[PDB]
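Residues per chain are reported as follows:
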Amino acid sequence: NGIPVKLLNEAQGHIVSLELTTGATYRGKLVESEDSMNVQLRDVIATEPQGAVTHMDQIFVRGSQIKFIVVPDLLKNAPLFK
Amino acid sequence: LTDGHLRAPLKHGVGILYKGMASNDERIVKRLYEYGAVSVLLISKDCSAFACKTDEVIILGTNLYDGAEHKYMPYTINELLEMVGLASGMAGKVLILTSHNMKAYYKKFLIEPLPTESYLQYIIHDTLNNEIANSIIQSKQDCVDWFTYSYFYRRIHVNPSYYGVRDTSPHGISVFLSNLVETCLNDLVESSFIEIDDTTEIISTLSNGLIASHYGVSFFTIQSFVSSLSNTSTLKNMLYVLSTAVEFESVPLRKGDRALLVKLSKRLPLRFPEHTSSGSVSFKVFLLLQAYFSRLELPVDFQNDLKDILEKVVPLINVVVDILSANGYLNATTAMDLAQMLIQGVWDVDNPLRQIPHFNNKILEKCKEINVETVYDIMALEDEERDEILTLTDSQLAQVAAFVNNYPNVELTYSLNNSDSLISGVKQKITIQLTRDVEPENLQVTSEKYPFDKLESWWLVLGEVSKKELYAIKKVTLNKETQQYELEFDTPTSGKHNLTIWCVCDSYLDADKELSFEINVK
Amino acid sequence: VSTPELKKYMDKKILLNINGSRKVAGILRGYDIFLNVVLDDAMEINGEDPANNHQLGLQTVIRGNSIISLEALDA
Amino acid sequence: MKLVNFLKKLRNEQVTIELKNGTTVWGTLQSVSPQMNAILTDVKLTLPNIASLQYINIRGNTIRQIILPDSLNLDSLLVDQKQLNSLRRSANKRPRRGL
Amino acid sequence: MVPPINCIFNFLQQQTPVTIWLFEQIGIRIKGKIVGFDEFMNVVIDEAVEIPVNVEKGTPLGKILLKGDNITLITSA
Amino acid sequence: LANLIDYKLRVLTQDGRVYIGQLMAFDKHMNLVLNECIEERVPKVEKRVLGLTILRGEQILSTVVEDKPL
Amino acid sequence: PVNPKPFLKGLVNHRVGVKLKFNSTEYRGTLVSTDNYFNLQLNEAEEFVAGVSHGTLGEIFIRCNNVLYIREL
Amino acid sequence: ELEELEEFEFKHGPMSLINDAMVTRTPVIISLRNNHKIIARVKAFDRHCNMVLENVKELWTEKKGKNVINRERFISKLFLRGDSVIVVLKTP
Amino acid sequence: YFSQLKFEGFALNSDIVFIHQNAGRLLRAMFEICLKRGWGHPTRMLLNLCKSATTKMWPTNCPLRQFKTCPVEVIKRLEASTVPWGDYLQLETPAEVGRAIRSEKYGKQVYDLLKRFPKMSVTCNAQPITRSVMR
Amino acid sequence: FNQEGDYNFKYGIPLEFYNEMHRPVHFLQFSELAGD
RNA sequence: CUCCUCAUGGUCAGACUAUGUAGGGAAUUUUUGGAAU
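Chains A, B, C, D, E, F, G, H, I and J supply the protein sequences, listed in that same order. Residue numbering for the first sequence follows the authors' numbering, starting at 4 and increasing by one per position. For the second sequence, the positions run 1624 to 1712, 1716 to 1825, 1841 to 2163 when the authors' numbering is used. Residue numbering for the third sequence follows the authors' numbering, starting at 2 and increasing by one per position. For the fourth sequence, the positions run 1 to 48, 78 to 119, 138 to 146 when the authors' numbering is used. For the fifth sequence, the positions run 10 to 63, 71 to 93 when the authors' numbering is used. For the sixth sequence, the positions run 12 to 54, 76 to 102 when the authors' numbering is used. Residue numbering for the seventh sequence follows the authors' numbering, starting at 12 and increasing by one per position. Residue numbering for the eighth sequence follows the authors' numbering, starting at 17 and increasing by one per position. Residue numbering for the ninth sequence follows the authors' numbering, starting at 1083 and increasing by one per position. Residue numbering for the tenth sequence follows the authors' numbering, starting at 2366 and increasing by one per position.
Quick list of the computed label-pair ranges, beta carbon to beta carbon:
{"id": "1", "chain 1": "B", "residue 1": "1729", "chain 2": "I", "residue 2": "1185", "range": "51 to 57 Å"}
{"id": "2", "chain 1": "B", "residue 1": "1723", "chain 2": "J", "residue 2": "2371", "range": "51 to 57 Å"}
{"id": "3", "chain 1": "J", "residue 1": "2386", "chain 2": "B", "residue 2": "1729", "range": "33 to 39 Å"}
Honestly, the hints are just simulated from the structure, not real lab data. No residue lacks a Cβ here, since even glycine has one placed at the ideal position from N, Cα and C.
Kindly produce the complete structure, drawing on both the sequences and the hints.
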């Protein structure tokens, strides 16, 4: 498995932000992250490239479609320094 | 300007000489030397047989590379002798460029005579096989008495330390010799060449030793053929088996032949088995047979090696087809096809038309233009059409005509003793009548890519296709126009049995004449 | 090959957004290792106002490689 | 065989890599990964106005093509893997030869 | 609540006319009957028609092997 | 890539956006984790502080050595 | 089941045309062979761009990944 | 055995065009995804259609403030990725 | 220098730099000279010395030192284990090598490296050609 | 050394009573003199 | 150089780590492109 996959699994239960290949940003609490980067998310606030913002309850996006994630700074401590 | 580089070196007064050259071009070089036009001539090792009398001789390098050995090896003092016979004066002058390690060896054995020895101890297995097959040696006593005639015997007495016999004495000689011959016999009985039973003692010969000894193929080569060849074997496997032999030790390689073999392998119909070694001469034999089947433009270096291979293969391929017959596999058909391909130089499926001497792409197309498939349609053709098809020189036309003439349209007919009374496990004799188009003046086989001369022969084949079982085979030399031949062959088990007879020539492809018939055995 | 854990979404009405700015709504029916989805009562939401009922009971299949994201309409 | 190995041979070579995005790269290959990820040093890079960069690592799939020096010996570099495979793959009568 | 390969198989048996949405192309969609498919979702489609939306016209294509990578959304009509 | 660890690196994305951050770890897919990562778009203009980010290896074009580690 | 691979095998030695995903190019020619990954080889090929004949290319190789579909003509 | 089957399938498949190109040292023209074309001789190839090409002449089309113009350049030693290949044409 | 001693006082270290650059030269020369002379006692020892100048170690330091990948703890353990080298070379089973080198870790690596160390099954059959010449 | 114990044997050239092979302890003590 | 697979030697209660004449890194979530304009 990937070390960043391992971190991303640690990120479960936290509030993360996600940018997809389309450019829409989904901020919310990450329920579940599979090995394939498929992520289940809660109470998501979404900002579109046009600037419009919406709210949704439960969202699940495919791994392949995710440009990148931003995860909280708490995890930066360890154990990935090694 | 044949020998594409022989021009520029020879133009400045240094000639080139090597085996495989265009002969005219070589002869021009030699004439220049005799007339004094070229004062210097560079001769490769293998051409020591071409004796160009010189006033002086230089020998540059005593080391020649062979791949098989995987290192340079110094020349035989024999080669050097044949290399010093060329020069005589005003004073005979011989320069030999040598190492320090080889100095004491050449400086002695050239000036002082050559001590002669005997290498029989290596070939004893094959030699004793041959004697047993000829049945002159009935027993082991007989063989020892036969070894009394050897130059080996005298030699082991005068210099026993060279052959590893520690005891020097009449009794010691006798014991050591009997040890050697005993070891030989164990290898032969284990390899099924012979059989030994107590009653002095009785030794008998099996089907393997028969053919091996008759064709003269070495014991080890035969043992390798036995180990690899089984039923349901393919043509590629048969060809590999052919390539792995001891007869090819005499095919030289320096580093370029092997690298070029790698580069050549892109262009070839087959692909060497992965679990054997590429550098071994076997791989080279394999690819040069590929280059014989597909007519590549070969370097003149490889032409010689191809020629050597061809000088070996015909006995070997005969052994390959016959050993499968002895093991009773109907796949000997494929071995026969391969033998045909070796005599001719073309594949079975690729094209029958290319078999006729001196055909190339363009000329083959005219055959497709007249919609000819087999060769037998060329025999029915008349002169005007032939002239239209081939516009070429007269010698080539003549060889084609000879090919057409001696390639018979022969018909396959059988006459069975009793079709009603058919008993299982009995020796059932059939009389096959064979008849030929034209009665031969001589049996010469004609092929361009196989320089050596061949006499035509035929194989009569009986077997059943589904079971892949070959029931009977016989070889015949048909000198007359019409003959009869009697196959004494045991019948199969009870019930309905398909029996298909082939008449397959050893030389010419697409000669396969078949008749299928089925009998109900009780 | 991993199987997506979609079991929580089974028999739920979801809005899939898909490549080319396409959006469809339907009840999640099947899925596979490939994320390929079967949707029943599928309704295409075209660019303007109308939606078409493409598959009411006949359902439909969407390639998981074409699936951008999936929203759960229910809880 | 695998051309990526041929790229592996290309360390310390000065090359100009055109990329799928149209970007031009000029530099000395320090290494190429089997992914065809190419790490280079002393690189001038022109996006479709050159930026000078000490080291650049490029993901292999982004590489469109790599233009090699004309001095390179392709005959020698192409034939390796076959020889390596042959190396991985790899009686009385021995001396045909005498005295 | 059935796997998509089984769904495609019932399209196969029923021989219903099938409309495929292609990838990143809204303009055209392909239509026809599924006579067979493989593991890569390549489909042999009979009496296929190209349907440009941009009233709709179309080009009759006859028998077709459509590659599965284009497939966005398989449907019935 | 292991030498680049802990360094400040500049990654160029597929869309042309420029990300800059400390390279803490990588993987086979070249998915990178970047600490204290900020985004620049046009060249400073349109710079944003993202924080700790993963980036996908499918999106990454190239990376260059920006500054020394903290 | 009649699979795309057998249909394509039966399509070998027949005049075909292949529309690529771009639709910027169609190729009409005899289908010589196709491999297990479905790359295409055509002979006597002709190129139709925008539905008009661009030119006669001849023996041509089509990368599998570009193929939208193949039809028999 | 598996290796043998792969090489053979390669020989009788569509790959035969690039195999024939390497053996005959014949020029082929490659339509690429950049809308550029490469007419060259095939020095080496790969299953991915990665290629070593010699005597490369690449031709492209450019638009300006007037009539479209074709542009071309010579690259003697060129190595090419396998995905940029749209089409490989072999011709006289 | 053979024993790998870097020094604090650098006068000695400068002299030993000189010996570093020219030592393998001089020793190798002496070896070639003895080889020309045909002397048995010096030539073998000189060959060992030349090897020691080249690879910087003694005979009693195990040849595993000149492998780049062989670790430090292992070579220390073998130096201290007082065991003939032939035995380690004869050992085949990798687990058994790890047990013999008494560290379970790295044993497989060590065995791999052994099969990468030169090992020769050598035979010779002499035989006279004539009374004076011996092949 | 073992006063009753088995050993394999071979033909060869014997070494000096004080020879590098017979004095291994000295090299570890020699390098151990400077240490590390 | 990297990841996986496999083999392996070890350790722990499948995981981790060194090594490997090993296999590999083109068919949906990453490296053999849906991009091009």
